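Shown next as structure tokens: one chain only, the form deposited in one PDB entry.
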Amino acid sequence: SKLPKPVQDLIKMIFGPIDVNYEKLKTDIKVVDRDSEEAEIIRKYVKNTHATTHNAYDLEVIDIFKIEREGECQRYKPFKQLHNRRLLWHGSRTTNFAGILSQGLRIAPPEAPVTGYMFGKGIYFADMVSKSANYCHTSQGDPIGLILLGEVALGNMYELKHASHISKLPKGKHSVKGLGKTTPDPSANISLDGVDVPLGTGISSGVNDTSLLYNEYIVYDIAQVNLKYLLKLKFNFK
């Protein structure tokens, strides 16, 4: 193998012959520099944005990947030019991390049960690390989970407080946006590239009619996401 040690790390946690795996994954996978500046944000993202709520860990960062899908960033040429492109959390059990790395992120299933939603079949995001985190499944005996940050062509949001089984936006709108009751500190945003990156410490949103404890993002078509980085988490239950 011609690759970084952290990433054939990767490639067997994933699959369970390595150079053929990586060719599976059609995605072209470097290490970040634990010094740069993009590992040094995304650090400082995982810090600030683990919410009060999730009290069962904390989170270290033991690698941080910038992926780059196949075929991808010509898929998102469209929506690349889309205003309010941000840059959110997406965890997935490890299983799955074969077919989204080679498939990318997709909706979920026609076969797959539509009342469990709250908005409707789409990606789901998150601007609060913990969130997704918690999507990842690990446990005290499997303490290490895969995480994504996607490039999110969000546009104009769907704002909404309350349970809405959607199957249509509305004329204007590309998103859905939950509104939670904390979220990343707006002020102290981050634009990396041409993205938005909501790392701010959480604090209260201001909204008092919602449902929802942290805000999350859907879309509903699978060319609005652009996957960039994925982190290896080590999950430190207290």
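Think of the rigid core as the biggest set of C-alphas that the two forms share within 1.5 Å after superposition. Residue numbers count along the first chain shown, from 1. First, how it differs from the form deposited in another entry.
- Large C-alpha shift between these two forms, rigid core held fixed: of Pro109, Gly141, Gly71, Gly116, this applies to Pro109 alone, with a displacement of 2 Å or more.
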Second form
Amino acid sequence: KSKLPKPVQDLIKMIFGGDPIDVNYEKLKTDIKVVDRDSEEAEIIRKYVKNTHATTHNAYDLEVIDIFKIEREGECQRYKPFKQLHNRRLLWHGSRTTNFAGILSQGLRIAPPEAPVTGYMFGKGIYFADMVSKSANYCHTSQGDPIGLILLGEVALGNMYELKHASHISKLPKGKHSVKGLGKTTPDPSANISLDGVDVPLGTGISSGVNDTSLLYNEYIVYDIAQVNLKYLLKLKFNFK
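Mind sharing the form deposited in another entry? What's above is the form deposited in one PDB entry.
Single chain only below; no partners, no other molecules.
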């Protein structure tokens, strides 16, 4: 007899793959609410998904199954220093389903100091995209179980260190709060809207006019866990072609 709505129950079953559903819910230390399918929030999120699928990520199309509003215990209190920092953006973060119990209970985390920098294009930090398909690739979704989880997070970017090439270090110059990896393609900035004082870059991909960058698409990195406030969790269907 769980009192949770069916979509939340199915999300819990997916994350934990056991204890009663309500016992597993309490382990996430996260308020989870279903966003109404006919709400303005849902419409904005579906537009963000539709508009920001990269043309080079054509292995699958995405369909939104369920949208959840999430509030991790203590996370808004932790974010207070960054809350009116200029340049807050609603950005994607994808991950394996098997990581989501950890992400909801502990939040997005940075690799420990001992960890090697190998493969971290912009060093040990928390990585986000403005193109849903770039983040969806980090779900590692299989044809055999074509359902993935992706976050939308409010990221306090402040003053961005704009880079066109990999730098494997995690230390920013004084007064810089984030790295923007400059892609060849960017959501049309003339379609950017604000949702609760946060920029949502849900424009269709156009050419950035940046030349001599190694990135097809933007990415955004912060180096302090307190610069992230997770807002939504989407369950997506991957329709492979």
